[PDB]
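Based on the hints, put chains H, L and C with the ligands in the right spot on chain G.
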Amino acid sequence: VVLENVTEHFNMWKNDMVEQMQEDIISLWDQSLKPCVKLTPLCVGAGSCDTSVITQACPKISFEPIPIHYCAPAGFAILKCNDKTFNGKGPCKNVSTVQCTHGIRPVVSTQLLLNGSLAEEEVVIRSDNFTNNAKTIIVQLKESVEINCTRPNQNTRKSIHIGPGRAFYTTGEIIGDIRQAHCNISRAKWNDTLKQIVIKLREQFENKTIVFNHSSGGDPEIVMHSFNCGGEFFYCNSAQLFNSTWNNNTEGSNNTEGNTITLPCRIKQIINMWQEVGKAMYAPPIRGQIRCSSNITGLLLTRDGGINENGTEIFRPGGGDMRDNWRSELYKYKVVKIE
Amino acid sequence: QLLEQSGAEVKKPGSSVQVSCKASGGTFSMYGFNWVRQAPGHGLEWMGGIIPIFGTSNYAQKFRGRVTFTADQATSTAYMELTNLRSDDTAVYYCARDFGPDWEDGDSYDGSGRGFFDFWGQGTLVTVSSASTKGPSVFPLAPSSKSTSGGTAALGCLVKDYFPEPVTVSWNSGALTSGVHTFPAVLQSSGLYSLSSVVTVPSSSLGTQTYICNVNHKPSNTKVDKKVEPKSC
Amino acid sequence: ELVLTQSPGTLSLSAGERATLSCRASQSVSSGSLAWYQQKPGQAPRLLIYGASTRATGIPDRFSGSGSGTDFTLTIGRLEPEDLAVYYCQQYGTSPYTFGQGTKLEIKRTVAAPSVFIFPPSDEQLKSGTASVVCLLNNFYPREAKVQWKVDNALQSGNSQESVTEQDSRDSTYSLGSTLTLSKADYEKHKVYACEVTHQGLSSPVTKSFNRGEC
Amino acid sequence: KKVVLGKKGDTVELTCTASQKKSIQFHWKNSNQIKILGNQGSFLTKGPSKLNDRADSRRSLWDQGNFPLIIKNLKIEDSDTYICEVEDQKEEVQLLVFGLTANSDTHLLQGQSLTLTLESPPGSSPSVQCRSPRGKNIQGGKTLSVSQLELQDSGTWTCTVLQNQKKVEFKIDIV
Ligand SMILES: *[C@H]1O[C@H](CO[C@@H]2O[C@@H](C)[C@@H](O)[C@@H](O)[C@@H]2O)[C@@H](O)[C@H](O)[C@H]1NC(C)=O
Ligand SMILES: *[C@@H]1O[C@H](CO)[C@@H](O)[C@H](O)[C@H]1NC(C)=O
Ligand SMILES: *[C@@H]1O[C@H](CO)[C@@H](O)[C@H](O)[C@H]1NC(C)=O
Ligand SMILES: *[C@H]1O[C@H](CO)[C@@H](O)[C@H](O)[C@H]1NC(C)=O
Ligand SMILES: OC[C@@H](O)[C@H](O)[C@@H](O)CO
Ligand SMILES: OC[C@@H](O)[C@H](O)[C@@H](O)CO
Ligand SMILES: OC[C@@H](O)[C@H](O)[C@@H](O)CO
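Residue numbers (the deposited numbering), protein chains in the order written: chain G, 84 to 130, 195 to 309, 312 to 322, 322A, 323 to 355, 357 to 397, 401 to 410, 412 to 492; chain H, 2 to 52, 52A, 53 to 82, 82A to 82C, 83 to 100, 101A, 100B to 100N, 101 to 216; chain L, 1 to 27, 27A, 28 to 214; chain C, 1 to 175.
If we strip away everything but chain G, and leave its shape as in the complex, we get:
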């Protein structure tokens, strides 16, 4: 039971513990979620490259968010910064030492952070350099926002009819969206948690106007809230979720507008891989019903820079690099040599 009296430094961006964790999730992903076709840039010999195709069996099993504890090896120990309000990088005041890390749920999603650690105090936003707009901003929420995304089942048709000269119920065509899904969240809870983001954002950037806009563009994985549950890759449009201007709105009483907001989602087969640069192809959606529920414990944002003034600082949903997903959980951790 030692007590060293020293100024303990801490960081989460230049942390090896995060990059090491990443390697293990990918390994767990390759033995759980396998694509039927994989396309990878065969970059051999500096000169411009070609594509590498590989076809393999793809079982539709579910990738369960099995709790992960990064424990300390013999001869090593991990420090847990127990500061009530930590900024991410810098000197930590109160820090204890546990042997294993808290239960981290391996969730690979963009824009929004689901099933994670909640802040026991207040909302804490952090970035490597807030003055720089290229750096992503990780937001931690203290109030759990439950999101429920689902998709119908086989209840379409229920009976067939045999006939010596014909059959019934087998001509299902109607070129439409059978790979469509939708989510649901509390309008009152989302707007309130959206406000607390602004409250803390203006605490770092005051005399400015915080505006929330959709994704500026890019791969569908970033533009839409992408996640996977049951074996299907969802792509929900987060346009309505992040669409509100804040520069003069601080009250709170009771106002109704649109029962519960619903997100336009779509299940896809061709996916852009997050592990390595490339694409992937999966099997068609499962026949049964897909129901998923999770708590939005945080989110990722990327503000618009530019030396050009307007008085408004726009904040669009970032995300993409899965290193930040585990960084939101391993921010208060640093592996150390037992010396």
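What the hints contain is simulated information worked out from the structure, not anything from laboratory work.
A portion of the hints provided could be inaccurate.
[Unchecked claim] Cross-link-like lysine-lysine pairs, in silico, DSS-like; alpha carbons within 25 angstroms at most:
1. H:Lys23 / L:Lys39
2. L:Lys183 / H:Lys214
3. H:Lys214 / L:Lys207
4. L:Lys126 / H:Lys143
5. L:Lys126 / H:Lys206
6. H:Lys209 / L:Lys126
7. G:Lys97 / C:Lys167
8. G:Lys432 / C:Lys72
9. H:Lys143 / L:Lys103
10. H:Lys201 / L:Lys39
11. H:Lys209 / L:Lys183
12. H:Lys214 / L:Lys190
13. H:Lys214 / L:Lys149
14. L:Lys107 / H:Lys210
15. L:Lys107 / H:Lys62
16. H:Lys129 / L:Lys39
17. H:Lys23 / L:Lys149
18. H:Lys143 / L:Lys107
[Claimed, not checked] For each label pair, taking beta carbons as the anchor points, the in silico distance ranges come out as:
19. H:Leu170 / L:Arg77: 35 to 43 angstroms
20. L:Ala153 / H:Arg64: 23 to 31 angstroms
21. C:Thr81 / G:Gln301: 57 to 65 angstroms
22. H:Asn204 / L:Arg211: 33 to 41 angstroms
23. H:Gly190 / G:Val200: 52 to 60 angstroms
24. C:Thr101 / L:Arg77: 25 to 33 angstroms
25. G:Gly222 / C:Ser31: 46 to 54 angstroms
[To be verified] If we take Cβ atoms under 7 angstroms as the criterion, some of the chain G residues that face chain H in the derived model are:
26. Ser115
27. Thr202
28. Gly235
29. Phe317
30. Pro417
31. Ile423
32. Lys432
33. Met434
34. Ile439
35. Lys485
Quick reminder that beta carbons are idealized off the backbone N, C-alpha and C, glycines included.
Same frame as chain G, but now just chains H, L and C with the ligands:
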């Protein structure tokens, strides 16, 4: 030269026919495999396909309970069986390989593929008739004094009496392709088909070169090689 | 159900100039997906242009496509003797995937004279059962040709079988092979076997004749 | 301190190379430092700019080490100075794009005058050296126009524009 089908044949009304499609080029699994038949002289008609890697298959309403698209990934061959054959089923069935998944813009691949096909097969003609198959008899169309207009000579082969179509005729196993003319078959009053293949070649080369026509008839599993040369005189 | 119609039904143009084809649809195609196909005589269809605009690999800059909803057109550039083929349009926005009726593209050329050749029945066929005489009509352009068989100066019709090949991909010419079939009983009896050819571009009725049992 | 010229309409490519042969995060910004393009590990992210619709990058080269920046359907309004944020370094590259516009009729008369005005970005000092279809050198500055012309000059033309020791050529048909 990479996507080939089986051989042509005849099938009596009521029976079922199975056509294969050996895909030996690159990938077979992910690419869909559709089948579009075409009646003699008529237009193309899509029947249906299958995605080997997913096992999914989409077909046309006109062929309900008659087509059964199957794929053997071990031999990388696509199959197609059509039951209850009638006189209208007589056509040259084509095996077309779907274009494939759209990677840089499309986000789905279900049923029998994207829709259009880039790589096509040789096509097999399935004739529906009660008559039995008959091997073709090849007769030489030897060159004569009255078959040479200038420095060029003309000879050929008479593929006579066979059923059903078609008959593939090549010269010198393929070495001689220029000047070759193969006439479309005509039905005789006996109920049999007949065609003639003729090729124009130099008159002076008649002695310094041997010309042989290779008549092939898959329906009866017959291949005849007749060497054409001037008469005895 | 979505049916497609192609206009015109048959088009005969010369080399060097451009060609225009059209594909009319019954309804509006989904997502605007149309495919064009080229099928030369006695061959398998070839993908020309997909997506109504995008060009397939290997296809020259001559072929171009443009269309919207129901109005779809394919424009062939500098025509060639090899471009002779039946063209089809296929939609793939909604099942079932339907093909067009088809447009036969013929090629126009200058008047060409046919060379005639006659082929006496082979000894293998003679001392076996039946006999057959073949009249060859080498390369020529005007498809309309009349063949007349004269057994000893006497004309005979209804016993001759004729069949013409499609245009050649190099010179755009046809080739006719008329086969006169008759038993051996009516063969050795007559001495003169002639094949008279009448052509719309052929000066005088050229007749090729041979003698029975002669070299 | 890099100079890259470009033709109006034609595609162009801006380079960014790192010492590491892996694939670390990089971001592209203009002189005003507004997000144009970037990456989130294995994803291409586009920024709120005018280039957003015509900007991209080949993902293949990412894992090799370098990260490109292409701009299609190039326009003169895109002329700006760009940077690249990789390995805590700032690779700066100035893009100066030009264009050519013919004011005179496409079908000129017998013995007339040719008028050619070049599109130039605000605050620039262009230098153009043109050439005739056969043999004649034309010099100028802001605007280049030939007063005396003959019927022999009917054909393909070649004009070269030089800026900061770099030159690009244009081709126009005059009959
Ligand atoms: C975080 O990053 C900041 C980046 O600001 C830029 O600094 C240089 C590159 C200038 O040329 C200009 O592009 C920007 O002002 C740093 O200024 C800052 O020191 C970094 N960390 C801190 C202390 O906040
Ligand atoms: C998002 O903000 C941009 C500012 O560049 C603006 O152009 C766009 O219209 C906004 N999106 C919405 C909500 O229309
Ligand atoms: C979120 O956690 C819950 C815990 O019960 C789980 O059911 C759900 O599948 C998780 N969401 C995801 C990432 O699928
Ligand atoms: C969520 O609420 C919406 C009402 O806008 C409803 O359509 C949807 O079915 C609900 N989601 C579920 C399945 O609970
Ligand atoms: O049933 C006929 C066979 O399929 C042959 O055509 C082989 O493929 C080649 O000799
Ligand atoms: O190079 C191996 C070949 O691609 C084979 O797999 C064929 O596709 C099928 O025999
Ligand atoms: O379709 C062409 C045929 O397969 C021939 O090659 C035979 O196999 C041999 O004459």
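Notebook entry, point to check: Are there hints from earlier that the structure breaks, and if so, what are their numbers?
Noted result: 7, 9, 14, 15, 16, 17, 18, 20, 26, 28, 29, 30, 34 and 35
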